[PDB]
Structures are given as C-alpha cells and as structure tokens.
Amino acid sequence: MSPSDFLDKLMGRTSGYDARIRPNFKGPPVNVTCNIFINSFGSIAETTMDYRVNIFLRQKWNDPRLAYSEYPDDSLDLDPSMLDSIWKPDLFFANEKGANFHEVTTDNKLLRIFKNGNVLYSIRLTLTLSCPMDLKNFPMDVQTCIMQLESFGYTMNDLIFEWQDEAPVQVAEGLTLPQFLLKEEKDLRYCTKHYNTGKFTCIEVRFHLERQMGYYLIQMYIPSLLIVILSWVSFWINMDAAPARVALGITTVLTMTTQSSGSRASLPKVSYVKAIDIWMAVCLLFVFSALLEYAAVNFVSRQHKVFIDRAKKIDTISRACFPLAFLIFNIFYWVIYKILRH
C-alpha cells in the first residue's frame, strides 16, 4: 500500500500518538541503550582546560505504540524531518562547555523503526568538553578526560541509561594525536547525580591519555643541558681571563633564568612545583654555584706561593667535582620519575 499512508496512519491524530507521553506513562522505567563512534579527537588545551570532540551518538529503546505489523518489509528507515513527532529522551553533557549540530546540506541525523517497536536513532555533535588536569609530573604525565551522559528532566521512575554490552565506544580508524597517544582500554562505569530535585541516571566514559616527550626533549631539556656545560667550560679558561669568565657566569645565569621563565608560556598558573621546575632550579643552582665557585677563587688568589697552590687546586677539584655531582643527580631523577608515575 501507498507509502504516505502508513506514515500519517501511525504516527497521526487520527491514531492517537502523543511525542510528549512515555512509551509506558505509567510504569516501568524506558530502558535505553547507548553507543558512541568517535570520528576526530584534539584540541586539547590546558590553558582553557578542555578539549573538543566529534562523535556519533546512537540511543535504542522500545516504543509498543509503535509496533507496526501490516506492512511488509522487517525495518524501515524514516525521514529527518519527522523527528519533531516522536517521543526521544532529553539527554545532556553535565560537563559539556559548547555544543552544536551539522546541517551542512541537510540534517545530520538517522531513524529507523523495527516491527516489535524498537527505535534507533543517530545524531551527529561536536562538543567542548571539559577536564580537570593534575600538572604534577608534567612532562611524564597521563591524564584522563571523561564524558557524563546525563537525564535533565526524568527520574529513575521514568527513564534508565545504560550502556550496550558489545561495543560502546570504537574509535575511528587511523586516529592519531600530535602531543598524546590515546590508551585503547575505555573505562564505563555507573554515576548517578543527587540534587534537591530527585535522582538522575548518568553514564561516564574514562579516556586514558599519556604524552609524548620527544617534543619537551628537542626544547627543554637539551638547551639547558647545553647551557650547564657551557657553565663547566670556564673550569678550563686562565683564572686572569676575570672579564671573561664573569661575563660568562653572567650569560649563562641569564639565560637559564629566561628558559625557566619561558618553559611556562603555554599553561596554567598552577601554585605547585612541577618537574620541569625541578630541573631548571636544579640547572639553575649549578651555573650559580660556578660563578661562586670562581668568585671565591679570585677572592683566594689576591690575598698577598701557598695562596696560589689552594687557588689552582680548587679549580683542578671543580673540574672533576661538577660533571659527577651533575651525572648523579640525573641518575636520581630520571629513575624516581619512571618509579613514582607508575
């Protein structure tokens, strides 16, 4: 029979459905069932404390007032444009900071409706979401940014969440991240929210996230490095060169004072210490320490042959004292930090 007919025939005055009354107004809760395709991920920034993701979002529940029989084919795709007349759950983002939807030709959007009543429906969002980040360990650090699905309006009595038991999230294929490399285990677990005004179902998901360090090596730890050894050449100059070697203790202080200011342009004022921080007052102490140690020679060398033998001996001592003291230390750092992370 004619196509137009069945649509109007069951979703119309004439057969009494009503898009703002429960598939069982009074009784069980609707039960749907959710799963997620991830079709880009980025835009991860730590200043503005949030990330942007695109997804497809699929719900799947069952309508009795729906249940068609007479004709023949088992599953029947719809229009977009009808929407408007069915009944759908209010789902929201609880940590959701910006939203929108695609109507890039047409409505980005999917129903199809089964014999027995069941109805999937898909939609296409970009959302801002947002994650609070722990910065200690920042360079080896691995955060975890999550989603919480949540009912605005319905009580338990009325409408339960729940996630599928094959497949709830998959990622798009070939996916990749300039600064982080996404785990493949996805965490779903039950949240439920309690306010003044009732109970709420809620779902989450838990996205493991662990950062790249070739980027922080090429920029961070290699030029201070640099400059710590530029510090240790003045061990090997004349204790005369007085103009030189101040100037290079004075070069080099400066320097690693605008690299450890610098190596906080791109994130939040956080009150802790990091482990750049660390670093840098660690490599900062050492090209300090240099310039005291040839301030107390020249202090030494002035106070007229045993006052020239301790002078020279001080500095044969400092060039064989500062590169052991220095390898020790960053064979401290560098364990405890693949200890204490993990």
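Residue numbers count along the first chain shown, from 1. What changes on going to the form deposited in another entry:
Only one of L159 and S231 lies in each rigid part of the chain between these two forms; they are split between the two.
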Contents of the next structure:
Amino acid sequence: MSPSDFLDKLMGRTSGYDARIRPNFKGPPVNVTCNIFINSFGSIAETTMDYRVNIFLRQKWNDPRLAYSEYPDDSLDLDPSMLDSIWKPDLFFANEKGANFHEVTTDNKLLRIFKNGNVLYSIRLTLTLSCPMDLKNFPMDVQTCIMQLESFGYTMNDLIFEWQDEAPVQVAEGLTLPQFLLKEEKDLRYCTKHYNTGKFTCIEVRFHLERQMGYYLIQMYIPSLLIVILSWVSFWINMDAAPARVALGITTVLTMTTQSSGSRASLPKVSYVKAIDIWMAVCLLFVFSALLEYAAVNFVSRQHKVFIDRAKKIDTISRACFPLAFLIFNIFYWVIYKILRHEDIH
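Instead of the form deposited in one PDB entry shown above, give the structure for the form deposited in another entry, please.
A single chain, with no partners or molecules, comes next.
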C-alpha cells in the first residue's frame, strides 16, 4: 500500500483529524522537546544590537490521534507542502527581529510520524536575534547572547517546552568570528512569562562571547605607551634647548592626537565612555603635562644661581615622578578592568 494513501486515510476527513486542536485537548498539556544545531553564527553588530544565526530546530511531541498499527513501516514522512494538515506547536523566538525559512531546491523541512504517534519536526532557518550589549570595559568586554523559545498563544496548562536531556544545543565545528570567541559553556534556562492571561512556556539558551585583545594591544595600547615614554625623554634633554624640548613636546602631543583620531574610525560608535577612552584620555593628559613641566622649568629658569638650581630640581624630580605615577595608573587600570570589573558570567 502506498504511504501517501495511508497518510490520506490517517489525517483525512473520515479520521476527523483537526489541525487546529492540540493533542490531548481535554487533559494534560503537550510536552515538546527541543533541540538546536547551530550551523553558523556571526554578524554581531553593535549599531543594531543584534546577531545572526543559521540553525536546525528540532521539535518532538506526541499526538495520540496519529498512532497507527496497520502499516508495516515504523515511520511515515509528511510532504513539506502539506504541513498545514497537522497540528504543530506555535513556537516563536521572543527576541527575534527578523527571520526566514529556506527553500532553494526542495523545502528545507522534515516531519516524521512514528507508530506510537510521536512526531519529529525538523526545520532549518535563519534568525536575526537581538542582544543588548554594554560595551563599557570595551577592549576587555564579555557579552552574553540569548535565544528564547516561547509559545505565542498557549498557556502552560496547554503547552510546555523542554530542553532535550542529552544534547539540546550543539555548535558545528570550525566556526570562527572576526571579533569574538564563542565559549564552549552554554546556559540552559527557564524564563517562564507571567502575564495577565496566564503562564506561558519559554525556554532559553545563553551563549558567552569573549572579545579578543591582540589587535587592540598591538595597535592602540602599545603605540600609545611608546608615545608616553617618548614624552619623558624631554626630561633628559639640556635645559637650555628650548626649540628641541618645546618641539618634542608639541610634536608628541600631535602624535598622540593623530593616534587617537586614526583609532576613532575602528572603534564602536557609542555615546558613553569606554575603557579604551579612559586609556587614551590619560595618555593625552600625560603628554600634555610633560609639556607644562617644561613651561614651568623654562619660566622659572630665566628670572634675571638659586633659580637655576630650583629649575634643575623640577627636572630631576620629574624624571622619577612621571614614570612612577604612570606605573601606578597602569596597575590600577589593569586590575580594575581585568579583575574587579571582570565578573562571573553567571
């Protein structure tokens, strides 16, 4: 007997199957087990506060109206053009801004009905999901992107979602990201919605993302640090070399300015202060203060033996004080952002 005629009898008008009535309509809620396989993961954008995934979504439930014994085969397959003939959960992604199915060559959908009446429903789909990002502590930030699977119009006494016990979320191997590192550890949560209509089932997965630091260190932090060190070389230059020390001071300020202005195009465009901005501002205040130190020495020197000794003391004190206070700033900045502000992801 052909499997298509058996499906016509099983879900036909003589069977009285109604795709608008959930299984076990009188009694206990439908339990739906969910798996997710992530094929790709990227397009993490701060301007729109979202990211993009391409996933396989598998749902399994039981429909006792679909149990069959007559047919020899253990499973039946429904055509992806007639999926509207069967009841399916009204799952939706609660933080989704845009999404689409896939249809090139045949429909990228699959549905199997087993003898006991269990239904397996696997689809492939692309999502744009919202994630709020902080971006304070920016070079050394860690973000948490979530994915929520909610029911649209069924309360928790009608429909319940559950994560599969063995392996609910899997990620394909070899994936890479231009900016982040997707950690291996993933959170499976329960975020049941309490509204006025009632309790609505919602399960959730959290992914942890750590930004890489090698580019920011090698292109922004170390060049700024070398410019700051270069500003300290004014203190070892002869006191009477005004064109040398003044030109070195102001050119160091200009170099500091071009370094920050060129860095500005690569950084995320936000309106609040980030850790990198704190670093750039302090390095600018350091090269600004090294030029004010020479302005003080140059003015105190010309007042016409005591004045020359007093001017030379500001130089020898500045030779130790400026590196020391920059060391203390370094210690504080790195501990605050690598240890204090750094917190458990959970």
